[PDB]
Amino acid sequence: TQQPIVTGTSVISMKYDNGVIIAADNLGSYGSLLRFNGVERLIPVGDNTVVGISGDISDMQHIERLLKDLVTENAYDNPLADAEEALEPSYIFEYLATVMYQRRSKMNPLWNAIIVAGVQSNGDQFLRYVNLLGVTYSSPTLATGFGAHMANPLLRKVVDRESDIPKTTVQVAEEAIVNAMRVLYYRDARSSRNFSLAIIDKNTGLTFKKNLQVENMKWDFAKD
Amino acid sequence: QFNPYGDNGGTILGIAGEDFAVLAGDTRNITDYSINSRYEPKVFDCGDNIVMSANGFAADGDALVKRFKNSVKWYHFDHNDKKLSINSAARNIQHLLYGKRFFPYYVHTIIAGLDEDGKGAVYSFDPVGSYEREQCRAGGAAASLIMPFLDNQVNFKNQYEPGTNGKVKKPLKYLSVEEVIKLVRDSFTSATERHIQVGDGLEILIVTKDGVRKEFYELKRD
Amino acid sequence: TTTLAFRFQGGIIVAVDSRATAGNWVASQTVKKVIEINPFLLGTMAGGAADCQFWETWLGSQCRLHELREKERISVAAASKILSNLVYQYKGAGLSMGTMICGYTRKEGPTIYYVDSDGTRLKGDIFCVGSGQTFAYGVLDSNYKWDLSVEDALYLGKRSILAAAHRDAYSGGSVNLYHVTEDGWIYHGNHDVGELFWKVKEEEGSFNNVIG
Amino acid sequence: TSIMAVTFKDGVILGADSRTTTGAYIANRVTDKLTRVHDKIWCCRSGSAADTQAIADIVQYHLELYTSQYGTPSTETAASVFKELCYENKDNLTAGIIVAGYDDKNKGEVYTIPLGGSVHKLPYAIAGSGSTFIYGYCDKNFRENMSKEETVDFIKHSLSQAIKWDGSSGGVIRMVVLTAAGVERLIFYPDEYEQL
Amino acid sequence: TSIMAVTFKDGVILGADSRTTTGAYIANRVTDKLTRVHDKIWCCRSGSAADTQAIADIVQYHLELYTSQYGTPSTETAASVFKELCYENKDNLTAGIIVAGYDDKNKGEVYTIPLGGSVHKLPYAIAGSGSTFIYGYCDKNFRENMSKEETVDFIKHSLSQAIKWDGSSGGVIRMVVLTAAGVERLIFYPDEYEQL
Amino acid sequence: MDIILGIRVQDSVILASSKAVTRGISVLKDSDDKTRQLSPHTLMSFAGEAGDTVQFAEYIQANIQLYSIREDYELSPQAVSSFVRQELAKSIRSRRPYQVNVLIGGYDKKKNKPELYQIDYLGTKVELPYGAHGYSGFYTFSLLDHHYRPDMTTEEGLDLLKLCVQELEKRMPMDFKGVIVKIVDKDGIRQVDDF
Amino acid sequence: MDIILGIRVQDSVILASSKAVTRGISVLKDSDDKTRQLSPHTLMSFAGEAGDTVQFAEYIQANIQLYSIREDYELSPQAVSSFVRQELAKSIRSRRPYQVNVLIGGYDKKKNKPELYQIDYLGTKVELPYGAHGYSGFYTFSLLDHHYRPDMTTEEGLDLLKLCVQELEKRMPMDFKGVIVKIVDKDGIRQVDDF
Amino acid sequence: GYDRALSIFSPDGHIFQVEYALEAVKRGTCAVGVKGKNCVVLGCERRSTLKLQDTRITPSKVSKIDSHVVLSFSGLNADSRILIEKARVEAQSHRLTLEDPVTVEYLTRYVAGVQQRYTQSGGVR
Amino acid sequence: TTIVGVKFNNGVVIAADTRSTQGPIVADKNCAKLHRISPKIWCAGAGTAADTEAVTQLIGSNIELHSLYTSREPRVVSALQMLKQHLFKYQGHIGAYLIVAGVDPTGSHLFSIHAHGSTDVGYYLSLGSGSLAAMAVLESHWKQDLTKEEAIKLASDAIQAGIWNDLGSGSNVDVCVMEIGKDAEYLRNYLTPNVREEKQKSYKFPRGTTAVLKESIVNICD
Amino acid sequence: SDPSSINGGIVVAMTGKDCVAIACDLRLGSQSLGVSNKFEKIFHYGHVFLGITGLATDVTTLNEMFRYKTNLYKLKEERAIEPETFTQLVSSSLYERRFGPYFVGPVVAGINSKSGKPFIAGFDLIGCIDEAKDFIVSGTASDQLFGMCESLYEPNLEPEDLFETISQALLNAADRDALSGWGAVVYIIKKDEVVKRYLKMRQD
Ligand SMILES: [Cl-]
Ligand SMILES: [Cl-]
Ligand SMILES: [Mg+2]
Ligand SMILES: [Mg+2]
Ligand SMILES: [Mg+2]
Ligand SMILES: [Mg+2]
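Keeping their order, the protein sequence lines are chains a, Z, Y, N, b, J, X, Q, H and I.
Residue 127 in the deposited numbering sits at position 127 of the first sequence, with consecutive numbering throughout.
Residue 202 in the deposited numbering sits at position 202 of the second sequence, with consecutive numbering throughout.
Residue 158 in the deposited numbering sits at position 158 of the third sequence, with consecutive numbering throughout.
Residue 62 in the deposited numbering sits at position 62 of the fourth sequence, with consecutive numbering throughout.
Residue 88 in the deposited numbering sits at position 88 of the fifth sequence, with consecutive numbering throughout.
Residue 88 in the deposited numbering sits at position 88 of the sixth sequence, with consecutive numbering throughout.
Residue 120 in the deposited numbering sits at position 120 of the seventh sequence, with consecutive numbering throughout.
Residue 7 in the deposited numbering sits at position 7 of the eighth sequence, with consecutive numbering throughout.
Residue 120 in the deposited numbering sits at position 120 of the ninth sequence, with consecutive numbering throughout.
Residue 123 in the deposited numbering sits at position 123 of the tenth sequence, with consecutive numbering throughout.
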C-alpha cells in the first residue's frame with residue numbers, strides 16, 4: 001500500500017499512417033506545489049520504442065532502471081542484439097505489464113499509468129496502455145489522467161477508428177497532439193507549459209523533441 | 001488506501017445449439033465514465049475448440065485466460081497431445097479460480113464449445129469457481145438486462161401453447177445458428193441502448209466441429 | 001437455499017431446491033445442490049456456492065482414496081469428519097457452508113450428519129439447512145412420523161421444499177428428490193416449482209393464501 | 001488562489017490570478033477575483049467561490065444602503081462589514097478576503113481578513129494558497145511610498161512567482177488601481193509575466 | 001526544518017537552520033542538520049530526526065566500505081545510496097535529504113531526495129517546511145557561477161526569510177563550504193541575519 | 001414481547017400472543033397479556049420495543065373508545081385498521097418513532113365477516129387469512145400454507161393454532177412461556193383459559 | 001451450547017449439561033451430549049464457541065487416552081485438570097484461541113474423594129463444591145449457596161440439581177431443552193436416563 | 001542435517017544394513033505368537049543370566065498399543081520403544097478422525113511403513 | 001450530462017445532450033435538459049434531475065411575476081441572482097448545475113451556476129460529466145466574433161464530444177438560439193446521430209401465449 | 001435497511017395503438033419473508049392510472065394522498081383530472097418532500113379524454129418526471145424490465161398484442177428477481193373500456 005508523492009500528469013499519444021506519436025510535459029508536481037520542472041517523462045528504449053509514464057516519479061525512475069537493465073540483459077550472448085533479436089515494443093510492454101500486475105497482486109503497486117509507443121520489426125504500429133492495477137488496453141489514441149478526458153476526444157476527431165489511421169499523416173497527427181497539450185495547459189492544474197514529444201516512424205525512425213512550449217493562447221473576459 | 005480491483009465494464013453472452021455454440025462479447029473497455037478502447041477483444045480461442053471470456057476486472061480476466069491457455073498447453077505435454085474436453089476444461093478452471101478463493105479473480109467466466117458427444121456446450125463460473133453447464137448464460141455489466149430475455153427466447157420460459165388454458169408449455173427445441181445470432185445481436189443492441197458501459201462493437205465466436213469462426217458487428221458508440 | 005434430509009422407517013429422504021442468488025439477483029434456477037459422492041453417500045449444499053461445490057467434490061476424492069487404501073467403503077461418520085476437520089482448519093477465514101452428509105453403511109445403518117463452516121458436526125434424524133430452513137421445518141415437523149411409507153416420505157420432503165420455495169425469496173427453482181436405502185441412493189427426479197405448485201394446490205387444496 | 005493588495009504613494013493596487021479550481025480541473029481560467037463593493041472600495045477573493053461571492057454581494061448591499069443614508073463609507077467601515085459576516089459565520093464559511101480602498105483623507109488602505117474573521121490593517125497583504133511561496137519575496141521587495149509603475153511591477157513579479165509554484169493559481173494577472181484619478185483595470189498575459 | 005544546498009564557481013555550499021521540534025516545543029535550538037557522509041560529500045537533513053540520522057549513519061558506513069575497496073566515491077554514487085534506502089523503505093520513513101559534494105572532475109553537485117525516494121540533480125535545492133516560503137525568493141535571486149561571498153549571501157538571505165515565516169525553523173544559520181581548498185564551517189547568529 | 005399470531009377462519013378471528021416478558025437474562029413475567037380491546041368486536045395484539053408497545057396500544061384504545069362514545073357507534077375493523085396504520089405511518093417520520101408491530105382481529109357486524117389485519121411499525125397494512133409478526137412467521141406461514149382452509153370452524157382454527165405453537169416450542173430458541181388465545185366473533189371477544 | 005453445571009457431594013461428582021444446539025432462529029438438536037469421558041473415572045463437560053468445543057474436548061480426550069495406554073495407569077483428576085488448564089493457557093495467546101469453557105468431574109481412586117474443577121477459556125482453574133459456566137451461574141450459585149451441604153448423598157445431589165434446572169427453566173430466556181445428567185464416583189461414570 | 005545414505009544396495013543386490021538389522025533380531029530373545037479359534041496368545045522368552053531383576057518395574061516384553069491390540073518383538077529393546085510409541089499415537093489419531101479403533105491389519109501396516117521409511121531415508125539406520 | 005453555452009455576434013446559444021442515467025442504466029433516452037425561465041431566457045441543467053427542473057420552474061415562476069410587477073421584460077442577471085441565492089441558501093444540497101443564457105433590454109448574456117451558488121461569466125462554458133470532452137472542443141475551436149451558424153456548429157460539436165466520449169452523455173443534441181431583436185428558437189432534437197438500427201426479429205407473440213387466471217371489466221365511470 | 005428494497009415489487013407501463021397498458025406484481029414481503037400475495041400496486045383516479053413501487057407504507061400513503069387531492073380537484077374543477085395534469089401533481093407532491101422523501105417509484109398511465117392521446121410517465125422518489133413514447137419501468141427488477149422492454153417492445157401494438165408483450169416483459173423480469181413476483185396484474189386501457197387480467201406465474 002502506497003501513496004504517490006512526486007507525480008507526473010497526462011501522457012498522450014496516437015497512431016498515424018507510418019508510426020506513432022507520444023507526448024508528456026516536463027513537470028514533477030508535489031501535491032499542489034509545482035516542484036520540479038526539468039523532468040523527462042518519455043524514456044526511449046532502443047531506436048524503436050518510447051515509454052511514456054505518469055504517476056509517482058520515484059516509481060518512474062525505478063522503471064527507467066528496469067528498462068535500462070533490460071537492454072543490457074538482452075545484449076548478453078546475443079550477436080543479433082542490434083538486428084533480429086533487438087528489443088521490440090511488444091516485448092518491452094509485456095514485461096512491464098507483467099511487473100505491474102505482479103506488484104498489484106502483492107498489494108504494493110508501482111503507482112503509475114504507462115503508455116508504450118513504438119514500431120514493430122514488421123512495420124506495424126504499437127500503442128498500448130498499462131497502469132498500477134495491471135489493466136491493459138489498446139486504441140488508436142491513448143491518454144492518461146486528464147489526457148483521457150480532454151485529449152482523447154480531440155485526438156479521436158482525427159483517428160476515430162482503425163480505418164482512419166492510413167488517412168492520417170505525421171503533420172496532421174503532430175498538430176493534434178500539440179493542440180491537445182495546449183488544451184491541457186489551459187485546464188489541468190498540475191500541467192506545465194514545457195513538454196517533450198516523440199515520433200517513432202517506420203521510415204525515419206525515432207525523432208525525440210525536447211524543450212517544446214505551448215504557444216498561441218487566448219485569454220478574453222466576457223462583460224457582466 | 002490502495003484498491004487492487006477495478007471495473008472495466010462490458011458484457012458477454014453464451015448460447016449453445018445442437019451441434020454448435022456461440023460466445024459473444026462487446027468490444028468496449030471502460031473505467032468510470034471514460035472509454036479506454038472501442039475495440040479491445042475479451043473473447044478468446046484457447047485451442048481444442050474451447051472459447052473463453054472472463055468479464056469484469058480486465059487485469060484479472062487477462063491473467064485467468066492467460067493461465068488457462070497455458071494449462072491447455074501443458075495438458076498436451078503431460079498427456080500425449082490428448083484433446084482437453086469442455087467438461088475437463090471447466091473443472092480445471094474451477095481450480096484456477098478457487099486457488100485464489102481468498103483474493104479472488106474479479107470476473108464472471110464463461111466458456112463454450114462442444115461436449116464429447118458433439119453437442120453444443122456452455123459453462124459459466126462465479127468469481128471463486130462455482131460452475132454449471134447451461135444452454136444459456138449472460139455475464140457482465142448488462143447480464144441483468146439480457147438474461148431474462150434469454151430465459152424467454154432460448155428456454156421459452158413463461159410461454160404456453162395458445163388455446164391450451166396455460167396447461168401445455170411451449171416445447172423446448174434447439175435453435176439454428178442463424179436464429180441464435182439474431183438473438184445475440186438483438187440482446188446486445190438492447191443492452192447498448194440501456195447500459196452506458198455497453199457499446200462500440202460486438203464480436204461473436206462461433207464453435208462447430210470444423211473450428212472457430214468470428215463475426216463482427218458495429219454497435220452504438222455513445 | 002433450502003435443503004433437508006430426514007431419517008425414517010424406510011431409510012433416508014433427501015430433498016433440496018435449485019436456486020442461486022447474488023443478493024436479490026436470481027443467478028440460477030437449475031443448480032445441483034446434491035452431490036453424489038458414491039453409490040451409498042450423498043452430500044447437500046447450502047451457503048457459498050463455490051465453497052460447497054469445491055470442497056464436497058474434494059470430499060468425494062478423499063472418500064475414494066479411503067476405499068483404495070482400506071479396501072472398504074468409508075463410513076458416514078468418517079466421511080463427515082473429513083469435511084468438518086477440513087473446514088475447522090479454515091475457521092475464521094470466511095468459508096460459508098451448511099452441509100449434510102447422508103448415507104448408509106452396514107455398521108451404521110442409515111445416518112445423517114450436519115456439518116457447517118464454523119466446525120459444528122451433529123448426528124441426527126432430521127435437519128433443515130439454508131435461508132429457508134425454518135419454512136421447511138414448519139411443514140416437515142408437523143407431518144413427520146417415523147412410520148411414514150416410502151411414498152409418503154418422498155412427498156413430505158418434496159412438499160417441505162415447496163413450502164420454503166414459496167415463502168423464502170432466496171429459495172426456489174425446482175425440487176431434487178433422493179431416497180437412500182440399504183442398497184444405496186435412488187434419484188426421484190427434478191420437479192419444477194412452476195408446475196409443482198399449481199399441481200399441489202389443486203390436488204391438496206392447500207395454498208389458499210394465493211389467488212387461485 | 002493567489003491574491004494581493006499593495007498601498008503606494010497615490011493610493012492602492014489590488015492584484016489577483018484568474019484560476020478557479022474543482023480539484024485538479026480548472027473550472028474557470030478567466031475568473032475575476034477583484035470585486036467592487038463600492039466606487040473606490042474593492043476586495044480580493046480567496047477560498048470558496050460561492051461563499052466569497054455571497055459575502056461580497058451582501059457587503060455591496062450594506063454599503064449601498066450606507067451611502068444612501070450617510071454618504072461615502074470609509075475603507076475601515078467596509079472591512080468591518082466583511083469582518084462581521086466572516087466572524088459571526090466562521091463555522092460555515094471558507095473565505096479569505098483582502099479589502100482595499102481609496103479615501104482622499106486616508107489615501108490607500110489595505111485590510112486583510114483571514115479564515116477566523118479577524119481584521120488586520122497592513123501596508124500590503126498577500127493571501128490565497130499561492131501566497132505561501134512569495135512571503136520571502138514580498139517581504140524583501142516591498143517598500144512604502146512606491147510609485148504606480150513600481151507597485152505594478154511588484155505585484156506582477158510577486159503573482160508571477162506565486163503562479164509559477166502554486167498549481168491552484170494561474171491564467172492571467174488582473175489588477176485594479178485605486179487613486180484620486182479614478183479606477184483603472186489592468187491585465188497581464190502569460191507570455192509577458194512567465195518569462196520575468 | 002529549512003535547508004538548502006547551492007552550487008557555485010568554486011564548488012558547493014550547504015545551509016541549514018538549527019531547530020528541532022516536538023510539536024511547538026523546541027527540543028534543540030542548536031541542532032546540526034549538516035552531516036558528513038564522506039570527506040567532501042555532505043547532506044542536509046529534514047523530516048524525522050531519527051530516520052535521517054539512521055539513514056546518514058548507514059550511508060556513511062557504505063561510503064567508508066566503498067572507499068576501502070574502490071577509492072573516493074562520486075557525489076552521484078552517494079546520492080544513489082541515499083535513494084536506495086529512501087525508496088525501498090518509503091513506507092516507514094519520513095526523510096527529505098539534500099546531498100551535496102565536491103569532485104575535482106565534476107566540481108560542485110547537488111542532489112535532492114524528497115519523501116518518495118526519487119532523485120533530482122539540480123543547480124541548487126531547497127527543502128524542509130520553511131522552504132515553501134522562499135521558492136519565490138530563491139528562483140528570482142539564484143544565478144549560476146556565483147562567487148563564494150555571493151553564494152553565502154544568497155543562502156543567508158534565503159534561510160533568513162524561511163526562518164522568519166516558518167515557526168518550525170529558527171536558531172542559528174549553519175553552513176558548510178565544499179571546495180578544492182577543503183571544508184569550511186560557517187555560523188550566523190540571529191542578531192545578524194534577522195535584520196537583513 | 002416476541003410472538004403474536006392471528007388466524008381468520010369462517011366465522012371468527014383467533015389471536016395468539018406469547019406470555020413472556022424478558023429483560024436481559026431474566027424472564028420477569030410469564031402471564032403477560034399482549035392485547036387490548038379497542039371496541040366490543042375489535043381486538044389488537046402487539047409486539048416490539050419495550051414501553052412503546054403498551055403506550056401505543058392504550059393510545060389507540062383511548063381514541064377508538066372516544067369515537068364510540070361520540071358517535072354512539074362502533075367503527076368497522078377496516079376503519080380501525082386504517083386509523084391505526086395512519087398513526088404508525090405518521091410515527092415513522094417522527095423524531096422518535098413507535099417501534100410497535102400489531103395484528104388487528106375484528107368481526108364486521110354489518111358484513112357478518114371476520115377480518116384480520118397485519119400492520120408493522122412502518123405502517124404497512126395487509127388483510128390476511130393468517131398473520132404473524134417477528135421470527136414467528138418464518139415457521140408458521142409455511143405451516144399454515146399447508147394446513148389452512150378458508151371454511152374452517154373456530155375449533156378447527158384452534159387445532160391449527162395448537163400446531164403452530166407446538167412447532168414454535170420445538171424450533172424457537174427462546175422460551176416464550178406459552179400463549180394467551182382470544183377469539184373474536186359475532187358475539188364479541190372471549191378468552192380461552194385452557195391452552 | 002450454554003448451560004453446564006457441576007455438583008460435588010460426599011461420594012460423587014454430578015455433571016448436568018443442556019441438550020439444545022441452536023444456530024440462528026432454529027434449535028437444530030435437542031439431545032446433544034456436551035461431554036467426553038477422558039478416563040474411566042474422569043468426565044469433562046464443555047460449552048462455548050461452535051466447533052471449538054467438540055474439537056477441544058476430543059483433542060484432550062485423545063491425549064489422556066494416549067497417556068493411559070503408555071503408562072498403563074489412570075491420571076488423577078487433579079493431574080488431568082492441570083493438563084487441560086495448561087492447554088487453554090497456551091491457547092489464549094495463540095493466533096486463534098479455543099473459546100471453550102469446561103468443567104472436569106472426577107473421582108480420585110487413590111484419595112477416595114470426588115473432585116470438581118471449573119476452567120474457563122483463559123485457563124482459569126478453580127476446585128469447587130459446585131460450579132457453572134455462562135449465565136447459569138447467576139442463578140445457580142446463590143441457590144446452591146443456600147441449599148448445598150458438603151455431606152450430601154448422590155440422591156440428595158440429584159434433588160439439589162433438579163432445583164437448579166427448575167429455576168433455570170423458569171427464569172432463563174432461552175429454551176435449552178433440559179439436561180443430560182452424569183454421575184462420577186468410585187465405580188466410574190454412568191448416565192441418568194430419566195431426568 | 002546428517003544426510004548420509006546408510007542403507008544402500010551392494011553389487012549382488014542386497015541392502016546390508018537391513019540384513020544386519022535382521023541379525024540383531026536373531027540375537028534377541030525368542031518371541032512366539034499362536035492364534036486359536038477364539039483367541040491369540042503371545043509368548044516371550046526372558047533370558048536368565050539376569051538375576052536380582054525387579055519384574056514389577058522392568059519393561060514388559062508385550063506392549064498394549066490400544067485396549068484391543070498388543071505388540072511383542074525381538075531385537076534391540078531401545079528401538080522397539082520408538083515403534084511402540086508411534087503405534088500408540090497412531091492408534092489414538094485413528095480413533096479421533098475415523099471414530100473407530102484401528103484394525104490389527106491397519107496398525108501393522110503403519111508400523112511396517114515406519115520400518116520401511118528407515119530403510120531409504122538419509123542419516124538413519 | 002453534457003451541456004454548453006456559446007456567445008456570438010448578436011446573441012447566445014446553448015445546447016445539451018438527451019441522456020438521463022440512474023447508475024449505469026439509461027433511464028430516459030430523450031429527456032429535455034433545456035428549460036425556459038422566460039420567453040428569451042433559457043437554462044441548461046446538469047446534476048440532480050429533479051433539482052434542475054424544480055429550481056428552474058420556481059425562479060421562472062417568480063421571474064414571470066416580477067416581469068408583470070415591473071412592466072418590464074425579465075433580465076438574465078435577475079434569474080442569475082435569484083438562482084444563486086436560492087442554491088447558496090441550500091449549501092449545495094440542491095444539486096443543480098446550470099448554464100443560464102438569454103437576451104434582454106441590456107443585451108445578450110451567458111452565465112453558469114454551481115450547486116453551492118457560485119456564478120461564472122464567459123463567452124463559452126460547459127457543465128456536467130461530459131464537460132471536459134466539451135471544453136476540450138471549445139478550447140480548440142472557439143474564437144472571438146463568431147456568427148450565429150458558427151456558434152451553433154461549435155455548440156453542437158462540443159455536445160457531440162460529450163455524447164461519444166462520456167458514458168454519462170448520449171443520444172441526441174438539443175439547441176436553443178437566443179438572438180437580440182428576435183424570438184428565441186428552441187431546436188428540440190437538432191441532431192439525432194444515435195438512431196437504433198432495425199432489430200433482427202419481431203418478438204410479437206402468438207395470441208394466447210400468456211396464461212391467464214381471471215378476467216374482469218374495470219369500471220372507470222361514475 | 002434500504003427502504004426501496006425491503007418490501008419488493010415492480011410496475012411497468014407501455015403504449016400501443018390508441019391504448020395503454022400498465023402492469024404490476026402482487027408480492028409484499030419483509031426482505032426474504034414473503035408476507036402477502038394480494039398486494040396490488042396499481043390504483044386509479046377516474047381514468048388516470050397510477051402504479052407505485054418501493055416502500056409499501058409510502059405506496060399506501062401516496063395512493064390515499066392522490067385520492068384525496070384528485071377528489072378535491074374534481075369538486076372544484078367539475079371535471080376528471082387528465083394524465084398530463086396528474087403527472088405534474090405527482091411531481092409537485094414528491095418534490096415537496098425533497099429532504100425527507102417518500103421511498104417510491106411511481107408510474108402514471110392513461111389516455112387523455114380530450115385529445116385521445118396515450119400517455120405514460122415515470123418518476124424518481126423525489127419528483128423528476130420521465131416521459132416516454134414507449135415504456136416506463138419501476139421497482140426492484142427495473143434492470144430486468146429495462147432489458148425485457150427494450151428488446152420485446154415495438155410501436156403501435158394492438159391492445160391484444162400489447163397485452164402479450166407487457167405480460168411477458170413483467171413475468172420474465174420478475175422471475176430473475178427474488179423480491180418480485182408472487183402473482184401479477186395487467187391493465188389494458190382503451191379510450192372508454194378497461195380490462196384487468198390476473199396472470200398465472202410461478203409462485204417462488
Ligand atoms: Cl468567483
Ligand atoms: Cl538531529
Ligand atoms: Mg451504450
Ligand atoms: Mg421464493
Ligand atoms: Mg500554476
Ligand atoms: Mg421471483
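Derived from the structure by calculation, the hints contain no laboratory data.
Worth double-checking, as some hints may not be accurate.
[Unchecked claim] Heads up, simulated BS3-like pairs for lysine-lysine below, C-alpha to C-alpha not over 30 angstroms straight-line:
(1) a:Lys223 - N:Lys148
(2) J:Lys113 - Y:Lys201
(3) H:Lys204 - Z:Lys157
(4) Z:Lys214 - H:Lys148
(5) I:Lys74 - H:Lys29
(6) X:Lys29 - Y:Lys123
(7) N:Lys105 - N:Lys40
(8) H:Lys148 - Z:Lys169
(9) J:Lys162 - X:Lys182
(10) Z:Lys220 - H:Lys199
* **In rising order, the numbers of the hints this structure does not comply with** => 4, 5, 8 and 9
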